[PDB]
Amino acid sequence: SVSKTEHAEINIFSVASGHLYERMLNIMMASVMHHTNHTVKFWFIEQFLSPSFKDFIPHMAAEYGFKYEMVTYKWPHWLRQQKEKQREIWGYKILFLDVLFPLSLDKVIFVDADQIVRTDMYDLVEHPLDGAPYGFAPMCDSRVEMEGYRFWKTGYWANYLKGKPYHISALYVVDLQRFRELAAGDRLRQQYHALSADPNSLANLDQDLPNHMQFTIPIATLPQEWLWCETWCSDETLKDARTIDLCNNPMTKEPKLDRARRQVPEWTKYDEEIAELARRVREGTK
């Protein structure tokens, strides 16, 4: 209850780098705000954001009625670094959950910058984790034509998981109090440091690490409805989706903005609403 007052009832963090992902990140935030009356605070990994995004965020905050905080955490020199920017961004999603946020924040949800929310995110805040420090949705099996690309259903992963789900990292709820109690952050950092000695390991860093650790750092498998991606999930389950991820389709290679406009009817309305807000701020400041 002290976390709800000092911060907000719903706390979401995301990571974005590049104009395309920042444009989608504003849309993700507008989609959250249109679907809840609970208080919201957005948390941003500052060093990857553009100066324009950081200058526009107080205008988004005042227009949509949310609070926000910029977090700048320095990668520890002992911890194996990532030379690829994409892999460093993935490290920021999963390696520092216990230290990016203040001790007074009890719970935080990661929501991908390219996501569209169609639900009250307070329902995820209230989802029962039963002592798991975090919850992720599983990868869908419902789009049968994509079975050849489900790498987690054959080879190394099928033998390692033994039927346990392979989870997607586009969305996850973190009970920070339980995550801290279980020292999950220190354990993920130490395991990542040891596993990353092999440069071929953790190809999908943010996703492979929690899935590899799920027999010792439990994952509360979220209802499949919490994350729908066309690449893996059936058309028929879209009407039940609480959130949508615009995940890459290895078969079609369709561009990101084309996937957004084709799959999500309300995407253009959020995009035009934020562009109208940008034009209004441009005249008021210039």
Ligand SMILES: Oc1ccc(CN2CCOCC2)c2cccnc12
Contents of the next structure:
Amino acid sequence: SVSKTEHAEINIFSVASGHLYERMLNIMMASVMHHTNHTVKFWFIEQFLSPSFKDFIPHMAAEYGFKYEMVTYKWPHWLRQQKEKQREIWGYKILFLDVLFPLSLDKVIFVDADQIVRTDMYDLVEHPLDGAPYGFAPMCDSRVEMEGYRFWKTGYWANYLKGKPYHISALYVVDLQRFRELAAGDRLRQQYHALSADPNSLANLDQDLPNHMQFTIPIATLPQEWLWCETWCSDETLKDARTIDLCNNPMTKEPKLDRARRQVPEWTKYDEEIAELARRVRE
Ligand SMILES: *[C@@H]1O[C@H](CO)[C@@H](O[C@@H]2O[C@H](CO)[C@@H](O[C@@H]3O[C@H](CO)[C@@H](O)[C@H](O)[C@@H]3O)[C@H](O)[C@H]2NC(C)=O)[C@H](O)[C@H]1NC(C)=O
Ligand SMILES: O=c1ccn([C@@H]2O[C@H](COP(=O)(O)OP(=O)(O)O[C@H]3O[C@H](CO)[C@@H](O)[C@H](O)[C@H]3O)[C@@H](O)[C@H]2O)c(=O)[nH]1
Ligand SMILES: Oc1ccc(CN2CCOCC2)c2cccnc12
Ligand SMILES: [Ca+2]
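Next up, the form deposited with the named molecule bound. The previous block was the form deposited without the named molecule.
Up next: the whole complex, starting with the chain shown before.
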């Protein structure tokens, strides 16, 4: 149990760029802590964060009882860069899983900055991966009225997948030991570097890459309840949702904070609690 003592029982990493995504990142962290008594450590992709966020994180850590660490990893010069900040951030989620964390960490979970956690994240740590270096929840099929927007159900993806699930990259558990054993980081970087020579390829960089590689870098398909997003998932399955992603709805184009307040009743509770912690530190 070197990993649990040197780090924590639950290790979550996330990426956030912008005050809005940093405001949601604090909410995500509070939601994790309200649903677990296991030790938690949050790991942040440091260079995207504002100076205010990095100043506030020790206050969140002391109030909620978690450890944290800033990871500053530099994009290798050989590896095809991303001009768009959104795509650069996606690259940080999926391309460096073997080099961002210390070798003494055996497991890490990516949880999106805009997520609301309603479960003990140690259940994901304990989830059997059957030898897969990582596990992702599938994209919901349950909201039948959104079938026209499920690009992965027809065209190039339906032919490529051969019936395999097209997984959502909002949440994923990485068994770092197995990822290292399989050199999945080196292989993901190489396939990304070859694929990205075509600027039309990997439209959803962080999502398309592990879905493309799932025949050779296995994905343990997580239970559907691990990731619920209103765009693709039915209202009836929300009560089972372990975590919620505020994923974009191509039909309604509803703003981010509106989706948060409308779908998640405890969202303002976390937002106000974190704002109350900020006014308590300020005075
Ligand atoms: C984190 O740890 C706390 C403290 O152990 C957990 O709270 C405890 O949860 C149990 C299970 O619900 C409670 O026991 C039961 O409580 C009900 C309601 O009073 C009572 O009718 C039953 O007879 C039984 O005693 C326990 O009271 C409660 N303790 C406190 C201080 O709230 C909490 O559930 C843990 N959270 C996680 C995510 O593990
Ligand atoms: O830190 C961030 C993240 C996103 N955005 C912007 O927000 C917009 C929409 O992105 P986002 O809110 O991330 O969309 P989601 O639908 O929530 O993203 C889903 O789909 C992405 C891949 O397409 C995955 O990376 C996510 O985990 C998954 O939730 C874009 O302009 C992003 O550049 C930011 O400004 N800052
Ligand atoms: O490795 C791949 C990369 C990109 C795409 C297409 N993208 C552009 C439109 O949105 C979906 C993702 C693929 C489609 C099918 C199979 N493999 C793919
Ligand atoms: Ca999201």
